[PDB]
Amino acid sequence: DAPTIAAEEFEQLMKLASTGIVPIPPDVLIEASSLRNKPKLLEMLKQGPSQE
Amino acid sequence: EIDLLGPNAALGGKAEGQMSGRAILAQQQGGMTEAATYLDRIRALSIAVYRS
Amino acid sequence: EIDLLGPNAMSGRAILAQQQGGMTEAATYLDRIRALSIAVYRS
Numbered sequence: 001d002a003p004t005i006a007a008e009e010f011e012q013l014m015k016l017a018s019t020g021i022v023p024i025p026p027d028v029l030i031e032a033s034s035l036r037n038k039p040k041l042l043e044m045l046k047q048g049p050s051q052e
Numbered sequence: 001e002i003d004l005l006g007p008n009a010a011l012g013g014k015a016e017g018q019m020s021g022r023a024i025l026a027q028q029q030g031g032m033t034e035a036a037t038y039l040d041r042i043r044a045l046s047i048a049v050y051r052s
Numbered sequence: 001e002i003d004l005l006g007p008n009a010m011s012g013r014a015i016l017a018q019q020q021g022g023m024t025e026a027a028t029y030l031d032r033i034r035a036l037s038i039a040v041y042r043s
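Residue numbers (the numbering used here), protein chains in the order written: chain A, 1 to 52; chain B, 1 to 52; chain C, 1 to 43.
Okay, chain A solo, but in the shape it has when bound:
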């Protein structure tokens, strides 16, 4: 019993990543989350390397 599909998606992703056998990058976790600052976190993580 979960509210939406993204709920089970995020729960299963967290359960899989807690074991550490399979490595999940943080951007997928942010996208699957239900946060209010999702665009801000996605912009912060998707930025490229510094010019220097």
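These aren't lab readings, by the way, just hints derived from the structure by calculation.
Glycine is no exception: its CB is placed at the ideal position from the N, C-alpha and C atoms.
Do not rely on the hints blindly, as some may be mistaken.
[Said to hold, decoys possible] Cβ pair distances, simulated, as ranges: (1) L5/C / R51/B: 16 to 24 angstroms; (2) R34/C / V28/A: 38 to 46 angstroms; (3) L4/B / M10/C: 16 to 24 angstroms; (4) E16/B / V22/A: 39 to 47 angstroms; (5) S46/B / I38/C: 18 to 26 angstroms; (6) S50/A / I38/C: 44 to 52 angstroms; (7) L39/B / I33/C: 23 to 31 angstroms; (8) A35/C / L42/A: 37 to 45 angstroms.
Dock chains B and C against chain A, hints included.
This is chains B and C only, laid out in the frame that chain A set:
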């Protein structure tokens, strides 16, 4: 008889929160099973009021 | 009867259970106090 009829007021009234943002009623041990119908009625009324 | 009706009064766990039940029953009284306080703050 009347004491047995009523529920237990000690282990009750706790709301647990998951990572999905939905509030799940943690019933702990027995006692909340009898009041589950009452809580479901309250939840249904709240949902209808929110939709309206 | 009057002792049982009150929020507090054996064994030791019975007293804790009675206190928790009294708190649960007096949740309504505390909610009334909170509502009065909120109205006073708003005014």
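Regarding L4/B and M10/C, is the given constraint of 16 to 24 angstroms on their beta-carbon distance met?
20 angstroms, holds
Given a hint of 37 to 45 angstroms, does the C-beta separation of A35/C and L42/A actually sit inside it?
About 42 angstroms separates the Cβ atoms of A35/C and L42/A, which means 37 to 45 angstroms holds.
Does the hinted range 23 to 31 angstroms hold for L39/B and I33/C at CB?
24 angstroms, holds
Does 38 to 46 angstroms hold as the CB distance between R34/C and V28/A, or does it fail?
43 angstroms, holds
With 39 to 47 angstroms as the target window, see if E16/B and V22/A comply at their CB atoms.
28 angstroms, violated
Take a look at whether the Cβ-Cβ distance between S50/A and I38/C falls inside 44 to 52 angstroms.
Holds - the Cβ-Cβ distance for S50/A and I38/C, about 50 angstroms, lies within 44 to 52 angstroms.
Range hint 16 to 24 angstroms (beta carbons of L5/C and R51/B) holds or violated
41 angstroms, violated
Would you say the C-beta atoms of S46/B and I38/C sit inside 18 to 26 angstroms of each other?
20 angstroms Cβ-Cβ, so the 18 to 26 angstroms window holds.
The structure fails hints 1 and 4 (numbered hints given earlier, in ascending order).
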